[PDB]
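With these hints in hand, go ahead and build the complete structure from the sequences.
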Amino acid sequence: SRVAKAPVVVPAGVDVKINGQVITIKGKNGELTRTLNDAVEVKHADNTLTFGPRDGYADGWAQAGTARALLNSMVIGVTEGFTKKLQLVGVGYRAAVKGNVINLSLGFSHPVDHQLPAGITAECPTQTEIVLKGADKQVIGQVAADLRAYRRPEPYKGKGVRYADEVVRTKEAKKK
Amino acid sequence: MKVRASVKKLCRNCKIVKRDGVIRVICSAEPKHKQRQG
Amino acid sequence: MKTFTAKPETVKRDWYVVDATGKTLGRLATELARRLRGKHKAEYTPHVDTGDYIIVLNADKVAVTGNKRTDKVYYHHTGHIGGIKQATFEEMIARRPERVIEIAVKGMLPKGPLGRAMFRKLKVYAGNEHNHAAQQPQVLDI
Amino acid sequence: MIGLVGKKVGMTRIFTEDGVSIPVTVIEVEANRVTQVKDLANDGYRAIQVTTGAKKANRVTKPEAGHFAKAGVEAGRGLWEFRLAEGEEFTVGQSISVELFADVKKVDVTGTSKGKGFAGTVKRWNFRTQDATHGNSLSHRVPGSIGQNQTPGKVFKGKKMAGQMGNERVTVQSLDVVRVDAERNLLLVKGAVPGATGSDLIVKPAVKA
RNA sequence: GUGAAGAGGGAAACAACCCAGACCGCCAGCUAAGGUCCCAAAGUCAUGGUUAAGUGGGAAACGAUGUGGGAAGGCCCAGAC
RNA sequence: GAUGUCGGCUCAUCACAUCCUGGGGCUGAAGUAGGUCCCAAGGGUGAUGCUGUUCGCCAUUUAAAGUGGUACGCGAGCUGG
RNA sequence: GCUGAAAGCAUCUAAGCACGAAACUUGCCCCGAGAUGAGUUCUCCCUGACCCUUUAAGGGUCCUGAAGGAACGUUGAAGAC
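Residue numbers (the entry's author numbering), protein chains in the order written: chain g, 2 to 177; chain 8, 1 to 38; chain j, 1 to 142; chain d, 1 to 209.
If you're looking for bench data, these hints aren't it; they were derived computationally from the structure. Each residue gets a CB set at the ideal place from its N, CA and C atoms; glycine is no exception. Any given hint could be a false lead.
Some but not every residue of chain d turned toward chain j, in silico, with C-beta under 7 Å [unchecked claim]:
id	residue
1	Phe90
2	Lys157
3	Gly158
Printed below as a string of structure tokens:
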């Protein structure tokens with residue numbers, strides 16, 4: 002609704018192309034393509050994109066809003082991309098990026114090795130934090146999520162992988 | 001998770017959402033309030 | 001006078017090929033059944049097989065509305081006590097797609113020897129190719 | 001991988017230097033001669049069909065003789081097929097011998113178990129016997145009840161009861177290869193394998209990994 | 001009222017429910033209750049709307065930003081949520 | 001003008017309202033161990049003393065010694081307390 | 001859980017994308033083309049005359065008898081037969 006009715010403005014140096022329903026975005030950080038669902042139409046107006054519902058479709062406005070947000074995040078991605086920071090807290094928890102593989106040591110009796118997807122690049126500024134950079138918001142969010150899933154923050158010390166900004170809200174055992 | 005036939009908002013931060021046909025209460029304040037209809 | 005009856009020896013059967021791409025399962029199956037039975041000809045008789053041979057291609061492209069693609073369940077019993085076995089629509093399409101159309105049509109046909117004989121006249125194919133070119137099937141649009 | 005066809009010579013032991021007795025089954029595998037090769041184009045699947053042993057020419061029927069003539073191999077006492085993996089190819093008339101198993105160290109053996117004949121329910125299905133005394137009358141090895149009352153009103157499919165036991169195909173898996181002896185045409189596997197002495201065996205590399 | 005002492009059609013099958021009271025024959029027609037996609041006779045009929053669960057095709061107290069429609073009411077372009 | 005009745009033995013088979021094993025949410029969940037609820041029926045699920053006993057109480061086990069339907073499953077299969 | 005509107009916020013869901021159990025479909029073992037929807041592959045064998053009539057069919061005579069099979073016998077770690 003209000004989201005769909007706010008056009009997204011393409012900056013200079015980013016390119017868009019609309020093949021019927023498939024949108025493709027060129028940018029300095031690369032390529033993002035996505036097929037919109039049938040209920041939404043998009044027009045390339047002057048250095049801007051406008052989203053509206055097809056006729057004869059129910060809930061077209063909801064689809065238009067989703068498509069608008071997706072494309073706005075898309076163009077935000079092809080410039081500067083997105084990044085996510087993860088922290089490791091707990092004694093002996095370490096991270097190390099080697100090529101495109103993340104080596105983690107979350108107190109297991111086996112090594113844990115995470116393969117990154119195509120467009121995501123990781124780097125560890127120090128021993129105990131990770132910074133992911135990528136173009137597509139969904140993929141980098143997914144990677145951060147299943148990296149956290151290896152050892153999610155337990156509620157008594159916060160030990161484990163956490164998002165750098167998230168709060169943990171630990172508690173305490175009984176007395177005695 | 002409280003699985004019960006009558007799910008209700010318990011605090012201000014707890015919220016009602018219909019996920020996959022089933023009504024759920026998800027509450028950010030604390031997990032004690034997380035509910036499901038069944 | 002007596003009412004006319006078709007003769008099994010001198011009845012005329014034709015060949016048609018139907019492309020089942022995007023067609024609703026039951027809507028296609030009813031027409032298939034009424035044409036296999038011979039209900040579309042003025043010399044139809046209940047006790048004689050007066051229908052036509054039908055070739056169905058692209059059986060895996062058949063369509064169902066609603067949520068039936070993951071919710072329609074085919075049940076069958078093997079005759080033992082474990083016995084009861086089930087497969088959804090999508091699993092049937094993946095395993096043997098020609099069976100969904102075969103089962104629908106078999107359900108819509110009469111039971112007994114003549115219904116089995118009518119079912120024998122249906123040739124269902126998963127792909128887009130058939131090897132009955134010698135019979136010269138003509139395109140039938142359903 | 002493909003396997004070979006052998007004969008159960010018998011059973012013996014191998015004494016190891018550290019003082020361990022290994023019960024071994026001795027399988028004599030002669031050269032297996034590829035009689036046919038089947039591929040996707042002609043047969044719809046890949047396999048090689050071999051023969052082994054030898055048989056007297058006076059009762060090789062003309063159809064079988066003609067089949068062996070195409071391969072140009074000597075007539076054997078039977079024919080068996082082996083499905084081919086994606087890697088290997090074989091040629092018609094090729095001879096396959098025991099050093100196929102030179103470094104396999106685990107095989108499955110398939111045979112025809114010894115035929116016990118019409119066996120009762122105690123021997124066939126490990127049915128408990130009933131009392132030998134305490135008034136038991138004519139029912140000492142009988143099966144007992146075979147169903148419920150009126151509600152099923154029928155005996156269920158697959159009910160365990162007396163019948164033919166033995167004389168059927170049995171596979172024993174993951175048998176250790178004690179040794180492979182190429183010049184004597186021998187395979188020594190640890191343990192016992194199905195069948196009586198002098199019967200055909202099919203030895204394959206272990207699939208159970 | 002019906003069965004008993006009443007057959008026929010419908011209700012899948014179903015004395016006692018619904019329609020309807022069999023003198024006999026016809027390879028004639030119109031209807032009742034029920035129905036008209038195929039089994040299986042007859043609308044894949046027309047116009048307008050509703051529902052998305054296979055609800056229709058089992059079941060309550062109670063619970064819920066499911067949607068369809070009304071009658072009213074505040075907060076507000078002096079800027080509302 | 002006959003449908004054999006309690007318990008044991010032999011042989012079972014299904015349901016899931018799950019005893020164990022499998023997966024999870026919350027915990028007044030530090031760990032170990034628990035409590036409670038949700039998903040799950042693939043397989044498994046004691047041999048003794050007393051009593052006709054089912055049950056039960058005991059003695060020792062076990063990962064566990066499930067709850068029910070099957071004419072209180074089973075006497076043209078046994079027993080006959 | 002990720003991204004994400006409806007509902008400028010939130011939201012695992014409405015579009016889209018991930019994980020997730022001894023249950024399910026496979027994977028392992030056996031039976032299995034009477035799968036009358038009776039499948040495939042390889043190999044082998046048989047290429048003589050004549051008559052009749054209710055003929056589009058068939059019947060019959062003479063010559064021929066293959067590949068195989070069965071029967072019989074000696075039997076089997078196969079077996080009630």
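Hints, one by one, checked against the model:
1. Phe90: Hint violated; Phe90 (chain d) Cβ to chain j Cβ min 32 Å, cut 7 Å.
2. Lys157: Since the shortest Cβ distance to chain j is 5 Å, the answer is holds.
3. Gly158: For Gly158 (chain d), the interface hint holds, since the closest Cβ of chain j sits about 5 Å away, which is under 7 Å.
This entry does not satisfy hint 1, going by the numbered hints stated previously; all others are met.
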